[PDB]
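Just one chain is shown here, as structure tokens, and it is the form solved without this ligand.
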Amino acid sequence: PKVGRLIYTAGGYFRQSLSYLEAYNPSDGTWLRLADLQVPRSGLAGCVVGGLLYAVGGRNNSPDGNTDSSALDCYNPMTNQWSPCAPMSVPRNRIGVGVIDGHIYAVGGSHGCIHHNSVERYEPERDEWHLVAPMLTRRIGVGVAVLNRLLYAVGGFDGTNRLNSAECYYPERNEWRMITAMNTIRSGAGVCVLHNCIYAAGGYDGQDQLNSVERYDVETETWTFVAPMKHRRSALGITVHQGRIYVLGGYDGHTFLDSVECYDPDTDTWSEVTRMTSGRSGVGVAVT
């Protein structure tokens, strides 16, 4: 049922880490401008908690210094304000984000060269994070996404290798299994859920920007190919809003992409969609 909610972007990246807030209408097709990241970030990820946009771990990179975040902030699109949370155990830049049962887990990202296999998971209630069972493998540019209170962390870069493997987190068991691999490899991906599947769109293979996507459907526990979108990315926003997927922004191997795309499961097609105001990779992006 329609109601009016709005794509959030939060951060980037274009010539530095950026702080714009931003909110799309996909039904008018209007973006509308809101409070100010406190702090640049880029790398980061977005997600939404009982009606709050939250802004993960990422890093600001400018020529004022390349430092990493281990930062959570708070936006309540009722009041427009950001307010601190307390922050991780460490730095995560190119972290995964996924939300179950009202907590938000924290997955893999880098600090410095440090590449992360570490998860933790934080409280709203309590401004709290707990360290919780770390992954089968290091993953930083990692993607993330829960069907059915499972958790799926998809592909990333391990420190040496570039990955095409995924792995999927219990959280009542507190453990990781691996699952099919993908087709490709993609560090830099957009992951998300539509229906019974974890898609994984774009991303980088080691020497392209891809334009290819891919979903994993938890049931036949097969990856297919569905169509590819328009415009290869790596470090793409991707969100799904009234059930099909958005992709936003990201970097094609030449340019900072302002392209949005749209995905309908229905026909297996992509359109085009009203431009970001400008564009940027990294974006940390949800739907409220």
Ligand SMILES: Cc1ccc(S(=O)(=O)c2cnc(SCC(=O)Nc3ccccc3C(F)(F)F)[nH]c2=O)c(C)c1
The other form holds:
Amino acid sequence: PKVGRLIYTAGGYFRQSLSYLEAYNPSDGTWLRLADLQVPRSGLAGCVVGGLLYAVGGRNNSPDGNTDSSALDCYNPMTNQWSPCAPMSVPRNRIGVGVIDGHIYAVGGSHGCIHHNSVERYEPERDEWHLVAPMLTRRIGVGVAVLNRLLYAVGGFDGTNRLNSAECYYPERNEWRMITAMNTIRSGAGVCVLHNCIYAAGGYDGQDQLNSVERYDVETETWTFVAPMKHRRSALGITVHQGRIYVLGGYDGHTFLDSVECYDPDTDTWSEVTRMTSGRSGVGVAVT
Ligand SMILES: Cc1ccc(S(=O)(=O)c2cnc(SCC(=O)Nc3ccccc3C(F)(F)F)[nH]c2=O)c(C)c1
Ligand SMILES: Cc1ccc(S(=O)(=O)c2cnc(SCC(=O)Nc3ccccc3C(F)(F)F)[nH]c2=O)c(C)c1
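And the form solved in complex with this ligand, for comparison with the form solved without this ligand?
Every component of the complex follows; first up is the chain already shown.
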């Protein structure tokens, strides 16, 4: 009879793309060092289906060059091992990922000079990827979250501009509809859902990296600012754990942060809760 349930951070960038997987335990402030990724990647995304952690997309900036990733890989906490899955139809660096009933949606991202609007869906039961309706906008550095079985694609960069627009995908209809635009332009923001709201934290606006955080209320169709983070960050990892938002690392324009913060909505306050064993940006985070 033991515990508990952890925040997994996979990959990222500091000096090069990274293979790190570490897991953070909020109940005691400890980090476990786990099996490396089969291949190092930054700007991947993380999610969790069926107890298993997945690492989607990204790119390997290495001494041997730059290779964008179409890869999907599955990590099992019980065996501390990673397995390849079927690859996506196109490489997707700086990708957003969302989960709906055990299906993983990969949105946007880039391969070289291509900025994707394409979106595709992964079915773990049968290990197959299927294309769905492309987004209305080309988006890399896109934040993605799921709320009442709708997928939201938020922020990003289209090839020319950094975006404050956002769009929502209806699976029943297989179509995308534009929602209210954010108050701020954000590419590389951390986006997640919590208590029936979509939060967008940090990112990059075309000039600076941001400390600011806004949330969208589906009922009112409005974005409202909340307390900002202590630190400015772009390419931060983000997740929810026990009624709380954690953000991990990111780049503030000088430094690759090891800072990890924690937002409590009931008090609307952020606090520093720990440090990653090293500073880094562009990680995939997820909880299981
Ligand atoms: C091609 C491209 C355009 C725009 C974005 S983007 O989403 O709009 C964005 C997000 N975050 C930043 S943080 C500041 C910074 O120095 N960037 C920088 C500096 C040197 C080399 C590469 C980059 C970076 F890949 F973009 F990071 N900057 C961006 O342009 C990104 C991620 C890539
Ligand atoms: C939206 C987004 C997604 C992912 C990332 S990221 O996954 O963190 C990443 C990092 N880096 C690169 S290019 C390699 C490079 O030299 N970076 C570098 C080197 C020195 C100083 C500053 C930077 C940079 F600001 F971080 F770019 N590309 C990324 O996607 C970033 C930076 C933004």
